[PDB]
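With the hints as extra help, turn the sequences into a complete structure.
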Amino acid sequence: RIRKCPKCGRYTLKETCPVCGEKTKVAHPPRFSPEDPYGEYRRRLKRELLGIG
Amino acid sequence: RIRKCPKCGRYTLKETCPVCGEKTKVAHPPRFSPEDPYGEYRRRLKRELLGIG
Amino acid sequence: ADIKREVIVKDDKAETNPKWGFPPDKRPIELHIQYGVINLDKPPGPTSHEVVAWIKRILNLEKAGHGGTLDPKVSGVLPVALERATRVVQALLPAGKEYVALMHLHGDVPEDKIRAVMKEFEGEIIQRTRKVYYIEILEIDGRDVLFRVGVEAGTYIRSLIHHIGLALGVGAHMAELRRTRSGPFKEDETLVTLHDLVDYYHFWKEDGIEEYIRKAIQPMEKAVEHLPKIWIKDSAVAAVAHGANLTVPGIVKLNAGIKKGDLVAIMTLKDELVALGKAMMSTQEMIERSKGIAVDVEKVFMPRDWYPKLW
Amino acid sequence: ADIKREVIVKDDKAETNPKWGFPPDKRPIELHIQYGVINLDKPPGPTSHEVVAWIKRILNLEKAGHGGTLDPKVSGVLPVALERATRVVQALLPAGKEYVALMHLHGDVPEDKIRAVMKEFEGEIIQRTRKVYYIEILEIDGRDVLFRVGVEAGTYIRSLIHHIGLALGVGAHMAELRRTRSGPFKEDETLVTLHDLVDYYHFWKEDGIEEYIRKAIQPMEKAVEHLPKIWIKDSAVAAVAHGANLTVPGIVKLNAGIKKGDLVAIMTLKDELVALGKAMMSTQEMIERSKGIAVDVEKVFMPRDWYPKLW
Ligand SMILES: [Zn+2]
Ligand SMILES: [Zn+2]
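Residue numbers (the deposited numbering), protein chains in the order written: chain D, 4 to 56; chain D', 4 to 56; chain C, 12 to 138, 151 to 334; chain C', 12 to 138, 151 to 334. A prime marks a further copy of an entry chain.
Calculated directly from the structure, the hints in this document are not laboratory data.
In silico PhoX-like links for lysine-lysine, alpha-carbon gap of 25 angstroms or less:
1) C':37 x C':74
2) C:209 x D':17
3) D':49 x D:49
4) C:252 x C:30
5) D:17 x C':130
6) D':49 x C:238
7) C:293 x C:15
If you want the ones that stay clear, here's a sample from chain C, every Cβ over 10 angstroms from chain D', calculated:
8) 20
9) 31
10) 42
11) 58
12) 131
13) 138
14) 182
15) 268
16) 272
17) 282
18) 286
19) 316
Here are the computed distance ranges between Cβ atoms for each label pair:
20) C':176 x C:192: 52 to 58 angstroms
21) C:333 x D':45: 46 to 52 angstroms
22) D':33 x C:313: 54 to 60 angstroms
23) C':39 x C:192: 52 to 58 angstroms
24) C:258 x C':118: 57 to 63 angstroms
25) C':133 x D:51: 43 to 49 angstroms
26) D:17 x C':157: 18 to 24 angstroms
27) C':327 x D':33: 45 to 51 angstroms
28) C':133 x D':52: 55 to 61 angstroms
29) D':45 x C:73: 23 to 29 angstroms
30) C:30 x C':164: 49 to 55 angstroms
31) C:248 x D':11: 22 to 28 angstroms
Cβ coordinates follow ideal geometry from the N, Cα and C atoms, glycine included.
This is how it looks when you write it as structure tokens:
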């Protein structure tokens, strides 16, 4: 129920941020698991968004 | 500890299948979560591996 | 014990109306789901109840139920009947089961001894008295024993391992357990995961592709494949669908070896499951006699509209 | 209460050896981790203990500890001190905290009433007696109230919500809770997730890039930013590092307002944390007097080798 806007970081219960106008997301980090099947995948997204190769 | 070979489906404790010679994987399905952040991602892999668009 | 039973025809002329009902595997997608069973690979962690709850949410169902509870830490074959077929898991109560288990010995035991002792546990065991059809040791690495075991319904593997540990004198603990078979459900192309279901449901509801969800769900008839069956006339289907017990005159053909008290599946001539019930007489009596109640119906699956009563 | 305290210089000529120790933020990566604290965003589900266990596994650490236990269902700011800095979380026991909480009322209450009642809960409350610095209502939708609250250390939000429900007459339940601040740790660029840690550790160990892991871990000094400090001479650092209590002659400068009994952080002239301790005298006494024990050291962080005793 508690959500936050990726932009101003506003906490809200609404699906769309009231002060910015954007789809808000759950105000809590993803569940963690020792498996992490997509670890290599998301690392490639970062390793590319940060410029590492 | 219980592992299986993606090929012959052999159950083993070893990292490499004894009858085929390939890296075995945990003999149990991935943990499930109502979040499923990569749902769209893996669906694109299937939606492409099955030919859907 | 899943050897094809012999079929004895009582009414050689019986025919069925192609317009009534559907061949089990040719049901419109919605109906298929309404009367379907999922051969799910339960993930370790959640309870079976929780897994079923997830399935109801994913497939937007009202009802669903599992056959043969698997403990939280256990993974593998978890038959989940859906909606109208929910109660068909009752046909799985007496079904045999196969598991793959990792046993950890609390003391060093020679490999030769382990193999001999686990060879003697095949057969009757008391945990009260259940039968172990087979124990196949896959691998042995010191104190770790990976083995496959076929067992009668209701056999507790944890207890089986505990007794094996007692026999070895060192004691043993069940480190991991995975069900690889429950009655007619096994690790084959029909075994699907929760993620598979989520994606296939998406392909159906968003992309309009029912092929995958269809293949991910089996007709409820799959759940009674190991049960003795009684095939009935179209008219008897209507009567049974409306709550009546099955009478001898409605029987077309049936499996041999059925005896009073046995759980049987009543089928239409198109092999659709009509109802589950308790046989009131034996196969021989059903063939010889010409009247009387042949089966006390305990649960009806067939909707009243497929083989309608027309006055 | 995190307003910069005034600093009073006792020894204007004190200088420090650039070869001894390191500026807190310029420590070789290994040392940085050995004396680092993570501003972790705890995910809901696991307990804090379990989260710390995960952190030790991810960073291949021997020791780690969290400051301010967050309950299983609660997410947010979870300071986790690593290895040699593990005990620095003690500096967070008296730290104030901020949370964002979702309160669910068990009965309809006018929006005007909710705002007035939650305005009166600011200040002293008994749950025994703790202080609520502020309650900022973010949103109100019927029975759901989303609010931000600043509180003194040890304040139970669930109880606070329960009392607010009693005051409203309808009763209330805490549906969700997220810690947004604990002492100097808040939701800023330093807040990282377990996945961030896994990936940054990979970039370091596999790709040889320490930049990200470095930024993901803060120097342990971050944990005592809200504590009164006492800066000491290099020679006094050696003595304290070797187990001695801090004497007045070793003090170079210190914060005003320190009083006997207060938890203080002993710092080197390079602003490195030497040890945590209980002040034995007040700031004024430490400046006036020229002898005696100024601080009873309770925990030493500085290794004996950074500011060595040389005979
Ligand atoms: Zn915003
Ligand atoms: Zn293989």
